[PDB]
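Just the one chain here, laid out as C-alpha coordinates, in the form deposited without this ligand.
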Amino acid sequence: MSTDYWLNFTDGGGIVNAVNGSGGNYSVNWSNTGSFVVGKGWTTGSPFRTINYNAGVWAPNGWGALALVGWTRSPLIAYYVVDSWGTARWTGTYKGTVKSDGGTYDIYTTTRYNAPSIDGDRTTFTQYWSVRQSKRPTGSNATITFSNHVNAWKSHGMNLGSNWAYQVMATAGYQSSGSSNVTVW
(Lines of atoms letter the chains of each structure in order from A and count residues from 1; the text may use other names and numbers.)
(Lines give C-alpha, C1' and ligand atoms only; values in the text may rest on other atoms or scores of the structure.)
(Ligands and ions follow the chains in the order given, each with its own letter.)
Protein backbone atom coordinates (compact mmCIF):
# COMPACT_ATOMS: atom_id res chain seq x y z
CA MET A 1 0.00 0.00 0.00
CA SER A 2 1.00 3.65 -0.11
CA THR A 3 2.84 5.09 2.88
CA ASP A 4 1.10 5.87 6.18
CA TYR A 5 3.87 6.52 8.73
CA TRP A 6 6.06 9.50 9.63
CA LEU A 7 9.25 8.91 11.63
CA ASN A 8 10.92 11.97 13.19
CA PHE A 9 13.38 11.03 15.96
CA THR A 10 16.34 12.97 17.33
CA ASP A 11 18.37 12.74 20.52
CA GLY A 12 18.36 16.55 20.77
CA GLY A 13 21.67 17.70 19.25
CA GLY A 14 21.97 20.57 16.81
CA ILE A 15 19.55 21.11 13.94
CA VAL A 16 17.30 18.43 12.45
CA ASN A 17 14.69 20.29 10.39
CA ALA A 18 12.60 17.39 9.11
CA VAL A 19 9.75 18.24 6.75
CA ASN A 20 6.68 16.00 6.57
CA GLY A 21 5.84 16.55 2.90
CA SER A 22 2.90 15.47 0.79
CA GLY A 23 2.17 11.76 0.58
CA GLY A 24 5.33 9.69 0.80
CA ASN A 25 7.61 12.69 0.28
CA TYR A 26 9.84 14.20 2.94
CA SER A 27 12.99 16.28 3.25
CA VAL A 28 15.64 16.92 5.90
CA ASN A 29 18.11 19.75 6.52
CA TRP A 30 20.46 18.80 9.35
CA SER A 31 23.61 20.21 10.89
CA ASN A 32 25.91 19.50 13.86
CA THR A 33 23.46 16.90 15.14
CA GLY A 34 23.63 13.99 17.52
CA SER A 35 21.73 10.87 16.43
CA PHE A 36 18.59 11.16 14.32
CA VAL A 37 16.37 9.08 12.04
CA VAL A 38 13.67 10.58 9.77
CA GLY A 39 11.48 9.28 6.97
CA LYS A 40 8.20 8.16 5.48
CA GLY A 41 7.04 4.57 5.38
CA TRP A 42 4.52 2.08 6.73
CA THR A 43 3.03 1.57 10.18
CA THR A 44 3.25 -2.23 9.83
CA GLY A 45 6.30 -3.56 8.06
CA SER A 46 6.17 -6.63 5.86
CA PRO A 47 8.94 -9.02 4.78
CA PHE A 48 7.25 -9.17 1.35
CA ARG A 49 7.04 -5.45 0.64
CA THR A 50 8.89 -3.90 -2.28
CA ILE A 51 9.90 -0.43 -1.13
CA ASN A 52 10.06 2.16 -3.89
CA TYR A 53 11.84 5.45 -3.40
CA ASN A 54 13.38 8.32 -5.31
CA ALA A 55 15.99 10.42 -3.51
CA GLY A 56 15.78 13.64 -5.48
CA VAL A 57 18.50 15.07 -3.22
CA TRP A 58 21.13 13.08 -1.32
CA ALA A 59 23.88 15.30 0.11
CA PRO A 60 25.29 13.99 3.39
CA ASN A 61 28.36 15.64 4.91
CA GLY A 62 29.66 13.24 7.56
CA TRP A 63 28.03 10.13 8.97
CA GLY A 64 24.71 10.10 7.15
CA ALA A 65 22.90 7.14 5.66
CA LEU A 66 20.06 6.60 3.17
CA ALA A 67 18.51 3.38 4.40
CA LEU A 68 15.44 1.30 4.94
CA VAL A 69 14.96 1.15 8.71
CA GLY A 70 12.44 -0.97 10.57
CA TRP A 71 11.61 -3.05 13.62
CA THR A 72 9.98 -6.22 14.79
CA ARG A 73 8.83 -7.19 18.24
CA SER A 74 8.75 -10.75 19.54
CA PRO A 75 11.68 -10.43 19.59
CA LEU A 76 12.75 -6.80 19.53
CA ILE A 77 15.08 -6.36 16.54
CA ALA A 78 16.11 -3.35 14.47
CA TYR A 79 17.07 -3.81 10.82
CA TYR A 80 18.70 -1.61 8.19
CA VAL A 81 19.24 -1.82 4.42
CA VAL A 82 21.76 0.93 3.61
CA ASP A 83 21.84 2.08 -0.03
CA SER A 84 24.06 5.17 0.26
CA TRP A 85 25.93 7.24 2.81
CA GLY A 86 28.31 10.14 3.22
CA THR A 87 31.48 9.21 5.11
CA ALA A 88 31.19 5.96 7.05
CA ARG A 89 33.37 2.90 7.65
CA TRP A 90 31.32 -0.25 8.06
CA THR A 91 32.80 -2.51 10.74
CA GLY A 92 31.70 -5.45 12.86
CA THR A 93 30.52 -9.03 12.66
CA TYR A 94 30.14 -10.03 9.01
CA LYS A 95 27.84 -12.79 7.79
CA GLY A 96 28.00 -12.78 4.00
CA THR A 97 26.43 -10.98 1.07
CA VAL A 98 23.07 -10.69 -0.70
CA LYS A 99 22.34 -9.58 -4.25
CA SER A 100 19.22 -7.46 -4.67
CA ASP A 101 17.91 -4.72 -6.96
CA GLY A 102 21.00 -4.58 -9.15
CA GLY A 103 23.35 -4.30 -6.17
CA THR A 104 25.39 -6.44 -3.78
CA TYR A 105 25.14 -5.91 -0.01
CA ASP A 106 27.35 -6.91 2.91
CA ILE A 107 25.49 -8.46 5.86
CA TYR A 108 26.44 -7.42 9.40
CA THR A 109 25.08 -7.93 12.91
CA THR A 110 25.59 -5.69 15.95
CA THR A 111 24.06 -4.96 19.35
CA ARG A 112 22.97 -1.65 20.88
CA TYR A 113 23.03 -1.32 24.67
CA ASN A 114 20.85 0.98 26.77
CA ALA A 115 19.77 2.86 23.64
CA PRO A 116 16.46 4.26 22.37
CA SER A 117 14.06 1.86 20.67
CA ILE A 118 10.36 1.58 19.94
CA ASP A 119 10.16 -0.01 23.44
CA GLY A 120 11.79 2.75 25.50
CA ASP A 121 14.66 5.16 26.03
CA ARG A 122 17.13 2.60 27.44
CA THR A 123 16.80 -0.81 25.77
CA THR A 124 19.14 -3.48 24.45
CA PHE A 125 18.50 -5.04 21.07
CA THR A 126 20.07 -6.82 18.13
CA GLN A 127 20.57 -5.05 14.80
CA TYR A 128 20.59 -6.72 11.36
CA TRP A 129 22.38 -4.86 8.55
CA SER A 130 22.60 -5.02 4.79
CA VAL A 131 25.07 -2.41 3.51
CA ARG A 132 25.49 -1.88 -0.24
CA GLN A 133 29.04 -2.62 -1.39
CA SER A 134 29.03 0.58 -3.46
CA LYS A 135 26.89 3.67 -3.06
CA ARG A 136 23.69 3.36 -5.04
CA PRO A 137 23.01 6.08 -7.65
CA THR A 138 20.18 8.40 -6.63
CA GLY A 139 17.71 10.61 -8.49
CA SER A 140 15.85 7.83 -10.31
CA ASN A 141 13.16 5.47 -9.09
CA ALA A 142 14.80 2.79 -6.93
CA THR A 143 13.49 -0.41 -5.38
CA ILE A 144 14.42 -2.39 -2.28
CA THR A 145 13.00 -5.91 -2.67
CA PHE A 146 13.08 -6.44 1.07
CA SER A 147 12.23 -10.16 0.84
CA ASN A 148 15.67 -10.83 -0.65
CA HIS A 149 17.27 -9.34 2.47
CA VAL A 150 14.94 -11.14 4.88
CA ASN A 151 15.67 -14.43 3.13
CA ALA A 152 19.44 -13.88 3.06
CA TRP A 153 19.43 -12.97 6.75
CA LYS A 154 17.31 -16.07 7.42
CA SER A 155 19.89 -18.23 5.63
CA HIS A 156 22.42 -17.09 8.26
CA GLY A 157 20.04 -17.76 11.16
CA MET A 158 19.20 -14.04 11.51
CA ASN A 159 15.47 -14.41 12.07
CA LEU A 160 13.18 -11.42 12.52
CA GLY A 161 10.36 -11.21 15.05
CA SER A 162 6.71 -12.03 14.46
CA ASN A 163 5.16 -8.64 15.43
CA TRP A 164 6.03 -6.08 12.76
CA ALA A 165 6.43 -2.38 13.65
CA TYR A 166 7.29 0.56 11.42
CA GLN A 167 9.23 0.24 8.17
CA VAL A 168 10.64 3.50 6.81
CA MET A 169 12.89 4.64 3.98
CA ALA A 170 14.95 6.88 6.19
CA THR A 171 17.57 9.55 6.33
CA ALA A 172 19.73 8.86 9.39
CA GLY A 173 22.83 10.48 10.78
CA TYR A 174 25.25 10.95 13.64
CA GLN A 175 27.12 14.20 14.38
CA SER A 176 26.87 15.31 10.77
CA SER A 177 25.27 17.77 8.35
CA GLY A 178 23.51 17.41 5.03
CA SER A 179 20.30 17.57 3.06
CA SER A 180 17.97 14.92 1.65
CA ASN A 181 14.68 14.78 -0.24
CA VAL A 182 13.04 11.38 -0.65
CA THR A 183 9.68 10.18 -1.94
CA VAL A 184 8.54 6.75 -0.75
CA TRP A 185 5.80 4.51 -2.12
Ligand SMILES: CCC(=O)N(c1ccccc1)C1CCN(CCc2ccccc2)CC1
Second form
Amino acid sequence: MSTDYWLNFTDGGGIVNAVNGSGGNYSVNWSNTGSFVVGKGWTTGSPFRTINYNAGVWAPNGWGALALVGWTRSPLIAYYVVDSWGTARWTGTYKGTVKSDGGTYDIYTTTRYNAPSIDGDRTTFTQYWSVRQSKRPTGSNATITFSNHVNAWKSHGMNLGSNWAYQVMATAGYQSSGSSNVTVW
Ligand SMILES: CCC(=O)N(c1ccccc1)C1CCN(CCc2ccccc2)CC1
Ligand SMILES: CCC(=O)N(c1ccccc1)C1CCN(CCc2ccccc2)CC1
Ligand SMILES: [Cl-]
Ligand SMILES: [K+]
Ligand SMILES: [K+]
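Next block, the form solved in complex with this ligand, ref. the form deposited without this ligand:
Once more the chain from above appears, this time first in line as the rest of the complex follows.
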Protein backbone atom coordinates (compact mmCIF):
# COMPACT_ATOMS: atom_id res chain seq x y z
CA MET A 1 0.00 0.00 0.00
CA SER A 2 1.75 3.12 -1.27
CA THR A 3 1.79 6.40 0.61
CA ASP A 4 -0.96 8.90 -0.13
CA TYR A 5 -0.38 11.72 2.37
CA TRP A 6 1.97 14.72 2.66
CA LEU A 7 2.30 16.12 6.20
CA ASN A 8 3.85 19.60 6.36
CA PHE A 9 3.21 21.50 9.61
CA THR A 10 5.03 24.17 11.61
CA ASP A 11 4.15 26.70 14.29
CA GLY A 12 5.96 29.35 12.23
CA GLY A 13 9.26 29.58 14.13
CA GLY A 14 12.56 29.48 12.26
CA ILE A 15 12.83 27.90 8.82
CA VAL A 16 11.35 24.54 7.77
CA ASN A 17 12.00 24.08 4.03
CA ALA A 18 10.15 20.85 3.22
CA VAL A 19 10.14 19.27 -0.24
CA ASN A 20 7.34 16.99 -1.42
CA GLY A 21 9.38 14.48 -3.42
CA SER A 22 8.46 11.72 -5.82
CA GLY A 23 6.23 8.99 -4.44
CA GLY A 24 7.03 8.50 -0.77
CA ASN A 25 10.19 10.62 -0.78
CA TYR A 26 10.65 13.95 0.92
CA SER A 27 13.42 16.28 2.06
CA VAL A 28 13.66 18.72 4.97
CA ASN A 29 16.17 21.45 5.80
CA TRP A 30 15.35 23.29 9.02
CA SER A 31 16.95 25.82 11.34
CA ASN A 32 16.15 27.55 14.64
CA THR A 33 12.69 26.03 14.54
CA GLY A 34 9.74 26.15 16.81
CA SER A 35 7.59 23.02 16.64
CA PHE A 36 7.30 21.20 13.30
CA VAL A 37 6.52 17.85 11.68
CA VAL A 38 7.02 16.84 8.04
CA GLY A 39 6.77 13.57 6.17
CA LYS A 40 5.10 11.19 3.77
CA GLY A 41 2.67 8.53 4.86
CA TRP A 42 -0.96 7.48 4.85
CA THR A 43 -4.18 9.45 5.20
CA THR A 44 -5.62 6.69 7.41
CA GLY A 45 -3.32 4.95 9.86
CA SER A 46 -3.58 1.27 10.66
CA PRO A 47 -2.46 -0.82 13.65
CA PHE A 48 -1.54 -3.59 11.19
CA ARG A 49 0.64 -1.58 8.81
CA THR A 50 4.29 -2.46 8.40
CA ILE A 51 6.04 0.81 7.51
CA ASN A 52 9.17 0.74 5.35
CA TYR A 53 11.55 3.63 5.01
CA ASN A 54 15.08 4.63 4.08
CA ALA A 55 16.40 7.86 5.63
CA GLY A 56 19.15 8.58 3.12
CA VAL A 57 20.12 11.82 4.88
CA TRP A 58 19.77 12.14 8.64
CA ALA A 59 21.62 15.05 10.28
CA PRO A 60 19.58 16.48 13.17
CA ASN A 61 20.69 18.98 15.80
CA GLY A 62 18.84 19.42 19.05
CA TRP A 63 15.42 17.82 19.52
CA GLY A 64 14.91 16.72 15.95
CA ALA A 65 13.68 13.18 15.50
CA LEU A 66 13.05 10.51 12.88
CA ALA A 67 9.84 8.82 13.94
CA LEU A 68 6.62 7.18 12.92
CA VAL A 69 3.99 9.74 13.96
CA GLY A 70 0.23 9.57 13.92
CA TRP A 71 -3.03 10.20 15.69
CA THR A 72 -6.29 8.60 16.61
CA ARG A 73 -9.54 10.25 17.63
CA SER A 74 -12.09 8.85 20.09
CA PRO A 75 -10.04 9.46 22.11
CA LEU A 76 -7.54 12.01 20.79
CA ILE A 77 -4.12 10.38 21.08
CA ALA A 78 -0.81 11.17 19.37
CA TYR A 79 1.70 8.35 19.05
CA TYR A 80 5.41 8.14 18.26
CA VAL A 81 7.84 5.37 17.32
CA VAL A 82 11.18 7.17 17.52
CA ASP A 83 14.12 5.53 15.73
CA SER A 84 16.73 8.31 15.86
CA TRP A 85 17.20 11.89 17.05
CA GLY A 86 19.80 14.57 17.65
CA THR A 87 19.80 15.43 21.34
CA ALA A 88 16.67 14.49 23.30
CA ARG A 89 16.43 13.77 27.05
CA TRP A 90 13.41 11.47 27.21
CA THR A 91 11.49 11.54 30.50
CA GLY A 92 8.04 10.85 31.89
CA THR A 93 5.71 8.01 32.76
CA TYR A 94 7.52 4.81 31.74
CA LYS A 95 5.75 1.51 31.17
CA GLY A 96 8.31 -1.04 29.98
CA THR A 97 10.01 -2.04 26.75
CA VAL A 98 9.18 -3.68 23.43
CA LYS A 99 11.47 -5.47 20.99
CA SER A 100 10.76 -4.76 17.34
CA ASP A 101 12.65 -4.65 14.07
CA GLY A 102 16.05 -5.42 15.56
CA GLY A 103 15.79 -2.80 18.33
CA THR A 104 14.48 -2.35 21.85
CA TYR A 105 12.23 0.59 22.68
CA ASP A 106 11.40 2.36 25.91
CA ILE A 107 7.66 2.97 26.35
CA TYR A 108 6.43 6.31 27.68
CA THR A 109 3.18 8.20 28.03
CA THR A 110 2.79 11.97 28.30
CA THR A 111 -0.10 14.41 28.47
CA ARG A 112 -0.53 17.77 26.75
CA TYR A 113 -3.07 20.52 27.34
CA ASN A 114 -3.71 23.91 25.78
CA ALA A 115 -1.70 22.40 22.94
CA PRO A 116 -1.96 22.26 19.13
CA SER A 117 -3.34 19.06 17.63
CA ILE A 118 -5.26 17.89 14.58
CA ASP A 119 -8.36 19.10 16.48
CA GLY A 120 -7.23 22.68 17.10
CA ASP A 121 -4.68 25.06 18.56
CA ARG A 122 -5.55 24.57 22.27
CA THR A 123 -6.51 20.95 22.94
CA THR A 124 -5.85 18.19 25.47
CA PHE A 125 -4.48 14.81 24.46
CA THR A 126 -2.35 11.88 25.52
CA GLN A 127 0.85 10.87 23.73
CA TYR A 128 2.13 7.30 23.47
CA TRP A 129 5.85 6.72 22.84
CA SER A 130 8.19 3.96 21.80
CA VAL A 131 11.72 5.41 21.91
CA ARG A 132 14.57 3.23 20.67
CA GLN A 133 17.22 2.68 23.35
CA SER A 134 20.01 3.32 20.84
CA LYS A 135 19.75 5.47 17.72
CA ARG A 136 18.90 3.28 14.72
CA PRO A 137 21.41 3.23 11.85
CA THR A 138 20.11 5.12 8.80
CA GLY A 139 20.76 4.88 5.07
CA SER A 140 19.49 1.33 4.47
CA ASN A 141 15.96 0.00 4.25
CA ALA A 142 14.32 -0.15 7.68
CA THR A 143 11.00 -1.53 8.87
CA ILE A 144 8.70 -0.50 11.70
CA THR A 145 6.31 -3.37 12.44
CA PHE A 146 3.80 -1.09 14.09
CA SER A 147 1.54 -3.87 15.42
CA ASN A 148 4.37 -4.85 17.79
CA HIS A 149 4.17 -1.38 19.36
CA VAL A 150 0.36 -1.21 19.42
CA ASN A 151 0.30 -4.56 21.21
CA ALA A 152 3.02 -3.65 23.72
CA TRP A 153 1.20 -0.41 24.51
CA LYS A 154 -2.06 -2.33 24.88
CA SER A 155 -0.45 -4.68 27.42
CA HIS A 156 0.38 -1.63 29.57
CA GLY A 157 -3.08 -0.05 29.42
CA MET A 158 -2.25 2.30 26.54
CA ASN A 159 -5.16 1.75 24.15
CA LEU A 160 -5.44 3.79 20.99
CA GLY A 161 -8.61 5.47 19.78
CA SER A 162 -11.06 3.95 17.32
CA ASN A 163 -10.84 6.64 14.58
CA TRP A 164 -7.46 6.64 12.85
CA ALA A 165 -6.05 9.85 11.36
CA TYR A 166 -2.78 10.24 9.47
CA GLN A 167 0.22 7.94 9.94
CA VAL A 168 3.53 9.31 8.70
CA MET A 169 7.23 8.44 8.82
CA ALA A 170 8.32 11.89 9.85
CA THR A 171 11.01 14.36 10.62
CA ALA A 172 9.68 16.13 13.72
CA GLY A 173 11.39 18.80 15.79
CA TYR A 174 11.41 21.50 18.45
CA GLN A 175 14.01 24.29 18.73
CA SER A 176 16.08 22.28 16.27
CA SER A 177 18.16 22.54 13.10
CA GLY A 178 19.24 19.96 10.57
CA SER A 179 18.73 18.18 7.29
CA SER A 180 16.87 15.01 6.33
CA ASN A 181 15.82 13.03 3.30
CA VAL A 182 13.52 10.04 3.70
CA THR A 183 11.63 7.65 1.44
CA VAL A 184 8.55 5.90 2.80
CA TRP A 185 6.54 2.98 1.47
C1 LIG B 1 8.81 11.05 26.19
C2 LIG B 1 8.75 12.42 25.53
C3 LIG B 1 9.56 13.42 26.31
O4 LIG B 1 10.52 12.98 26.93
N5 LIG B 1 9.24 14.78 26.31
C6 LIG B 1 8.12 15.28 25.56
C7 LIG B 1 6.89 15.45 26.18
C8 LIG B 1 5.78 15.93 25.49
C9 LIG B 1 5.88 16.26 24.14
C10 LIG B 1 7.10 16.10 23.51
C11 LIG B 1 8.22 15.60 24.21
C12 LIG B 1 10.03 15.78 27.09
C13 LIG B 1 9.43 16.02 28.47
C14 LIG B 1 10.26 16.97 29.31
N15 LIG B 1 10.58 18.25 28.63
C16 LIG B 1 11.67 18.92 29.42
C17 LIG B 1 11.87 20.33 28.86
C18 LIG B 1 12.51 21.23 29.86
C19 LIG B 1 13.85 21.06 30.22
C20 LIG B 1 14.43 21.91 31.16
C21 LIG B 1 13.67 22.93 31.74
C22 LIG B 1 12.34 23.09 31.38
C23 LIG B 1 11.76 22.24 30.44
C24 LIG B 1 10.99 18.09 27.19
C25 LIG B 1 10.12 17.15 26.38
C1 LIG C 1 9.85 18.60 22.71
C2 LIG C 1 9.66 17.83 21.42
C3 LIG C 1 8.47 18.38 20.64
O4 LIG C 1 7.92 19.39 21.06
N5 LIG C 1 8.02 17.75 19.47
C6 LIG C 1 8.64 16.54 19.03
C7 LIG C 1 8.02 15.33 19.31
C8 LIG C 1 8.60 14.13 18.91
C9 LIG C 1 9.80 14.12 18.26
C10 LIG C 1 10.44 15.32 17.98
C11 LIG C 1 9.88 16.53 18.36
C12 LIG C 1 6.86 18.26 18.71
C13 LIG C 1 5.54 17.63 19.14
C14 LIG C 1 4.36 18.27 18.43
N15 LIG C 1 4.46 18.17 16.96
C16 LIG C 1 3.33 18.95 16.34
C17 LIG C 1 2.00 18.16 16.61
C18 LIG C 1 0.91 18.57 15.67
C19 LIG C 1 0.73 17.86 14.49
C20 LIG C 1 -0.27 18.24 13.59
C21 LIG C 1 -1.10 19.32 13.89
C22 LIG C 1 -0.92 20.03 15.07
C23 LIG C 1 0.09 19.66 15.96
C24 LIG C 1 5.78 18.59 16.41
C25 LIG C 1 7.01 18.05 17.18
CL1 LIG D 1 4.76 15.43 15.76
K1 LIG E 1 5.95 15.37 -5.34
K1 LIG F 1 14.29 0.75 30.00
